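So the chains spell out like this:
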Amino acid sequence: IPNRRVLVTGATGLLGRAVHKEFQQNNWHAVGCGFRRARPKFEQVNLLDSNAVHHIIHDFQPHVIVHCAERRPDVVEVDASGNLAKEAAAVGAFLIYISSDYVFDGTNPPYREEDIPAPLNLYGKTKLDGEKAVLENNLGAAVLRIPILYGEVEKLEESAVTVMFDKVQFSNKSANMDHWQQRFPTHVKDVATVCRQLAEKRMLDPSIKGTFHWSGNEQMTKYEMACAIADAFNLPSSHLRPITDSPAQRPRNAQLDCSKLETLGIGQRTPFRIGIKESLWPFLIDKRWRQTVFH
Amino acid sequence: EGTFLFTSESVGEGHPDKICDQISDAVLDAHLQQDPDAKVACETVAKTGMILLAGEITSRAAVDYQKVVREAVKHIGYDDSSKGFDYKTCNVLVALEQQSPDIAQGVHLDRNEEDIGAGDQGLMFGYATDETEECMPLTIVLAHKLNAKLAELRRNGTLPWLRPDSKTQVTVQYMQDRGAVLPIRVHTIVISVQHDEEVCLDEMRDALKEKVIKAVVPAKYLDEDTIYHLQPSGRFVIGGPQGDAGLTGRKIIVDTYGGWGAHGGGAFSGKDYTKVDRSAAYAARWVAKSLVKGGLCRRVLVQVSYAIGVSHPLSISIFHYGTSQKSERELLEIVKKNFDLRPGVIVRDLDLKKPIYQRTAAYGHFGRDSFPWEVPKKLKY
Amino acid sequence: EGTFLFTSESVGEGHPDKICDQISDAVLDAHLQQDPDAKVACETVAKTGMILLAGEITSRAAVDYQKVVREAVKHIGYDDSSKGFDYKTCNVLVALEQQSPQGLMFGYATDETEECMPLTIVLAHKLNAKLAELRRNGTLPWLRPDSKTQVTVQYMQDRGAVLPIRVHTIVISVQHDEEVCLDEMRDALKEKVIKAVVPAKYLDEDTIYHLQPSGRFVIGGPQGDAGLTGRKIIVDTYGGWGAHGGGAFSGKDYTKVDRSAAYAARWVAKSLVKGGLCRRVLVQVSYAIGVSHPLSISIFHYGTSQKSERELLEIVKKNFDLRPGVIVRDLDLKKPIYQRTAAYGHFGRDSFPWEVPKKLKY
Amino acid sequence: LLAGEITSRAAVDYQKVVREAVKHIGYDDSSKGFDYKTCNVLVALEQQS
Ligand SMILES: Nc1ncnc2c1ncn2[C@@H]1O[C@H](CO)[C@@H](O)[C@H]1O
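Protein chains in written order, with UniProt numbering: chain A, 26 to 94, 96 to 103, 114 to 283, 287 to 334; chain B, 15 to 395; chain C, 15 to 115, 135 to 395; chain D, 66 to 114.
Here chain A stands alone, though its shape is the one from the complex:
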């Protein structure tokens, strides 16, 4: 019953399940797609299958598109990324290429919508390649950048924030926790809204593009997150070594700078207290012991 249209790639994965649903609760005709776990909730479309991709962009007629396209760590060490921008630009669809802060060096906070990119790794680099590819194949596209994503997950490994929860629960095991590298948790439910409002605002201004930055205002490290997470469910916190060693590849900070994007009434920030508490209650041991097909 709504009119103008959105397509969400990687809508099976964590970021995209929020992106798709966040459009589709404020009157949009929303249709996510994915390579794996698509049916029944989303359409089956491989991104590296170049025919199938245009086949659904053609048919549906999406006014706005939002590429997301994982199992987070990694957090140690493409290209149809942009081929999508080619096809998406043709049919007059504003592509929002979600990207990582890891494109940077990580030596001075912050980094601006403008600053020089200098990636230190495999990942960081090829997120840059995607921005070029996307942007030069169509200079009518936003490169909305995000930090580490937590969200309301189905399996822990879906987020580098959440994988830690097992470690946080079991006191009987002690494990260490990274404090050397600074970090920046952000709710996908919030990025879902920044993506939604940077689209409703593509009519109130008919030309927006040229990179965008968005993050959450809550600075932590793997360790500082862990202790918040204990303190949300009220658990023992002290089985957890910090470290300031480099167990040498990653940046040691990046941090984003959301000047431009805050300016137009485009933002949302759920507190990490709640954000994470609402995400990880199903993976309490006692709730896991209770989750079976039969009683």
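Since the hints were derived computationally from the structure, they do not count as laboratory data. Check before you lean on any hint, since a few could be wrong.
With beta-carbon atoms standing in for the labels, derived distance ranges [unchecked claim]:
1) A:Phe206 / C:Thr17: 21 to 31 Å
2) C:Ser114 / B:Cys214: 25 to 35 Å
3) C:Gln135 / B:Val251: 19 to 29 Å
4) C:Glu15 / B:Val251: 57 to 67 Å
5) C:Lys340 / A:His80: 38 to 48 Å
6) B:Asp129 / C:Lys225: 26 to 36 Å
7) C:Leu328 / D:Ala109: 37 to 47 Å
Note that beta-carbon positions come from the ideal geometry of N, C-alpha and C, so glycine has one too.
Using the hints provided, position chains B, C and D with the ligand relative to the given structure of chain A.
Just chains B, C and D with the ligand now, kept in the frame of chain A:
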């Protein structure tokens, strides 16, 4: 992965074990019209030529049993030797007595109505799942609506070669999800259904698939590999009570959750509000739906039990398959505040003296629009 | 906490719905004892003074149904008009249609009792069987055949398994004579019955007793209510625990998967738990059309196994043949036994084959 | 319905007897009130040898 298969079945109005469930509920309805305080346990039998009633009834009402039986058999659609059976010419034996004095004195006599005791003892479950809009398992929802679609098309005439006996098994490939279950795709469908002589086998499958299946099942759950066994018997025209043996209450897993959650034994049909096999089973469903719709869990199973001549339940129990943030006691305590589950309060809350039971006789008692127990309570915690 | 309640019920031999179940398998016994390849779907309806037999049969046998019907009723103990029923007078109609020549099954087992059965129904059965025993001694000579029992256990959840902590509520109602006074009966049900049946550790002074809560139970048997075959399937199986696709067992022959595959599913699940691999398990075997072998098998071990489902499944594939034909062979399902199953439940009993664990090479 | 005592060696398909007779008489369709094919046959004979 956490991928499991699961199958549930339904049957058509004109399957023997559901002819009885339905005749019984007709005799119930009959009595409740002239007398809402009728007590009725009417068990019914269907053999080749025969519908025999047996049971016990206390009811001021006088009822023409010959007419009620034959009118319902007609409604079901058996009217000729062409088909298995025929209300006009069938044997109807009655063996209904007055009810046992020893139950009367210690169940419903001389008592303020909210404190009438359980009709019998026993255990009843009631279950709910966020997997569908109707808070029922996809398997059993799809299964029922196939036999519903079949009968609808039989009656309105677009498929006149249809005949009332049918069976439908629906297997679905499910996935676990933080305690809840997620339907992915319909793995196998089966439909055998009694047919006319004229219509040939290959028009029937072509029909079942485009007229019936496609209408009922959202194309999201179907793909190429979805398997279809439409009329896999072939020679299914000789169908109904003929050759066979029906009984009331031999289809209790179809009558309820298609094999999900749990079931505590009790048959529903032919019984009134004082039989907690029925009343408290509608109530426990009311509970478990109200909890899920009220967002307290995605999935829950509830058990209650009663003792004969004792108004309060002996035990409420809440299993929420780990799908609520609230613990299982927290939900149980909410249920104490918001429900009085004695049989004398349930009758009010759900209007169980109105003669509406013949609707519930087929296609399931749970997960349907009008039914009182399907309207969730706004909960106050 | 992590403390919960759960209730289950059983009925005595004399209950009209169970009378029927015995007679249907009596009639089955009777046919196989001649033609061991008999095909049988024998319903039984019992109501004041009547036993009606219904439904298709195919056999080579000649069965004197009068003999069969009455010998069961005699056994169950209804022999004089005063009890409401008598095998000497009861009318025996017969409507069987003799001749002369798909879905899903569940098994369950639990570590909480010697018999791998949910404690709730174990005790419920034992009470009815204990009554019948005492009736048949003439220790309690004022007993009559029809009875009913319900047992609410207070469990604790523990690492996927369930720990029975106490008996919380017990209900017994049994048909009696018009002589014996009410106190004598409730004082007898407690000491000579319940205290004989239930481990003293599970009983204490808060355990709630409903002994003859009906007040008076003289009229009963096929008189007090109509009785029908296959109307107590949760009493016949796992008492509310586990799961149930919906197969009525009694009066069906071994060629009914509903019954045979059900028994094997139990056999398996019990073997698995008895074999030290699970504390608790549900086993879900789904037969499809055009497959000798079960198409799928799921094993829900409630996380009480040091092994995965795949690991557990593999053990099963290399220990068990669950092709319907093999199951009838492995479990000796042509003996005239079945009448013995139709009372006090099919699972948890040592005389039976499917209750004898296969020792597992893996 | 069949009723009353017999003493015999013969085993007899009462289904068959009762139906083939009801056919020979000519009750063949439920259009006529009765049909050898659809009618109930109850037996209540009390047979020994
Ligand atoms: N007075 C009674 N008290 C308790 N249970 C009874 C009574 N009469 C019959 N029953 C049992 O309950 C069922 C129907 O109420 C019967 O099958 C019988 O076993």
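Quick rundown of the hints versus the structure:
At roughly 24 Å, the beta-carbon separation of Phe206 of chain A and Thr17 of chain C lies within the given 21 to 31 Å, and the hint holds. Against the hinted window of 25 to 35 Å, the Cβ-Cβ separation of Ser114 of chain C and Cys214 of chain B comes to about 33 Å, which satisfies the hint. Between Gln135 of chain C and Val251 of chain B the Cβ separation comes to about 20 Å, which falls inside the hinted range of 19 to 29 Å. For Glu15 of chain C paired with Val251 of chain B, a C-beta distance near 59 Å keeps the hint of 57 to 67 Å intact.
The hinted range of 38 to 48 Å is satisfied by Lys340 of chain C and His80 of chain A, whose Cβ atoms lie roughly 45 Å apart. Between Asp129 of chain B and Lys225 of chain C, the C-beta spacing of about 33 Å keeps the proposed range 26 to 36 Å intact. In this structure the hint that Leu328 of chain C and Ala109 of chain D lie 37 to 47 Å apart at CB holds, the actual value being about 46 Å.
Violation of the numbered hints given earlier is absent; every hint is satisfied by the structure.
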